[PDB]
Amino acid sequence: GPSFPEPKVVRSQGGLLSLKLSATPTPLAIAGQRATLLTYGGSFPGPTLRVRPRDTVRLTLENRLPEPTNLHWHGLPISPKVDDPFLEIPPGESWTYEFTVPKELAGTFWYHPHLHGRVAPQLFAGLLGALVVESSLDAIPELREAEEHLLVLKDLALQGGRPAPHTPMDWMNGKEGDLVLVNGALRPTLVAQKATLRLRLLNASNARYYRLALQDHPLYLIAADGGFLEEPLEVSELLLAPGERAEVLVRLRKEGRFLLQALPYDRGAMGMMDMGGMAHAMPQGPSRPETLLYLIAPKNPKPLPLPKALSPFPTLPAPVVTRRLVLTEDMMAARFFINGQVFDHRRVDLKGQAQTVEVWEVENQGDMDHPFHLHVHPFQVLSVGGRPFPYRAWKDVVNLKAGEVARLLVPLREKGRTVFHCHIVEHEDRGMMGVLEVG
């Protein structure tokens, strides 16, 4: 019947997903418009890779961009010798990422550029795609009959048939676009056929937040960035910061057409006033509400019961180290710091021990939200703003509002050199990143 736009899915076959992906300028039609974006595999979003734990992924990235790039397997707890953020793939050159999917992993992940200084333009232009890890838990009766869909939330601005260029204000704020798209389409309609939906949600935007709400419906959170919750958590709305993912169940209990919306949200984005001879940041205030899609329930909907439980969160050793990481900004210079320093790929900032557990206290001493991301080592958010976190699940991005402290339980897994940074990728490019070495 009706065809909701969703990225094409490449599945592993016989334990192997082998794929060649070109990063290339791509003439496209989207939102009733012609524009040339940067894409992987010629699609915006890029293709969804779908794997199982212990599959081998062999992705050869061919750089057909006029500038160097690389890949980050966002959220995958794999060796930084594979997920190497320091690697530069020159134009015309290629690189083959090979890794084995970790053994008990489940959920929605994604891939995107990670060459320092070029992440924000390259991501904004369209370079992103999803990776879905199937789980034995998906076979339980309360999940195996749900209708599954991926929603890639990513906004865009267009100027002269190209992605709009980054202005000095964009480097300060992180760039939001006026086209608020789902899976590259403007306000699509999803016509459900089963009464229980599993929606895999990905915020692949540079800086835009999505305060998600479905008319007349709660959402049952069942997974965070990097794995299942212990049990479904009913919520009335769900904030997704840049880089975060979530999976929710929607129980359609009556016929109709329902709007999925991004409600107003104030992330601390700023205008600028130049008066006298002095410049001053000025709060932009909350976002305008946005319709993301229209959801239409099937005939006579009979949703099944929720799963009573999902996946028990592992027991972890007591931490041996607590670290303080302070985020700050020089807004008018569009410079961003951790512990008073900007990123220097030459400089190692934290050195920890593999197979130990640390507590990281991340403190936002700036004026904007900063969503803090760590590679390689998924963490358990213990508290934010002094309030205990409402569920247990692996996460790899945590949003910090101005003034907030997050306490994170960080088990150090794979050895090697990796990074942590703000996932407003303009801030990352402008210095809000540090280096962690695990030995």
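Shifts are known only where both forms have a C-alpha. By rigid core we mean the largest C-alpha set that fits within 1.5 Å across both forms. Positions refer to the first chain, counted from 1. First, how it differs from the form deposited in another entry.
Candidate set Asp274, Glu234, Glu98, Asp216; criterion, C-alpha shift of 2 Å or more between these two forms after rigid-core fit; matching residue, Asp274. Segments displaced between these two forms are 1 to 3, 273 to 280 (runs of at least 3 consecutive residues, each Cα moved 2 Å or more after rigid core superposition).
Please show me the structure of the same protein in the form deposited in another entry, now that we have looked at it in the form deposited in one PDB entry.
FYI, this one's just the chain on its own, none of its partners or other molecules.
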């Protein structure tokens, strides 16, 4: 096949993407070895769904797992009556998700399970796939003429031909695997044919962070989780926390081989040690550096000029409320809290009004990084750690290091009950989630 492995794409046809997927244990070849993973559509990652605004999506999920499951349409501003975080599809049963893709939407989104208490092992085992919303902006020459690829960043650990089981320490830290893969491949080679690449990036890992850097090159950020920036932003590196997406332009500068790496990053994961009268928690420290892929530049690369503008960011109404959500940890118990409470599906934590804007100040009073995710209602990050964000774009996950406060501008869109939670999915399963009702 193509030197660069990417998930198969399923496109809407005549404004309709109608598809039946099965969630199923699937024997496959992965990183040179045979394993049984849990997959959608028989593959890992699952198929990439590619749609346009105003398309109808009709996705029937058949559950062929031995446990209940469901889907979260991560990042899509649709109704929580469709993207329903409380729905359970029992083993052997099916459910049809039907929705219209919002008019004002573009970017890279994804789908994965969200059945509380069961997310981490299901996601770890291979249940996820991408969803791309094509825009009219894709037709501008500076993007149209770029070579486009999706990079699904997901790690894995195998034991006895199956995903490794979660240990108690995994529930505390979030589970990371030794196989650090791109599109289910181990360090693939991307032999570029054009001098400008457009890369859609997805961190679909349970807990691993990717401090992205391409050797000898900057990256040009053109989209965040949920939409385009207003103009490209040059960065020397780009941190993607679990659940985050980004799109970047890469402008290949000369011929040669360039490593795309996940540089060392310390997200505050913990180990245990015993030093003569101890048995206490110790920092694992930064991750070991990983090579994600080999990028081979073409001969005599002459990249396109960058687009001067992308999408103007909407002018939001003045906010009508400020919320404060404080994240804390009980590491030895592997329990995680928002405002001193663990998740309770019966309890409503925040009640807001549709079509108003809120300011949410989310504060991490723990020692680990926590990537905070809100369903249904994409937000604008104003600042984090007291530092203003250098761009305007829609996001739906925001990373907070220890001690940091993020200030978010949150327009409330669809009515109904939905959730917010840490996207280190083990932490969500272990209680770090709350309920927002919009009326």
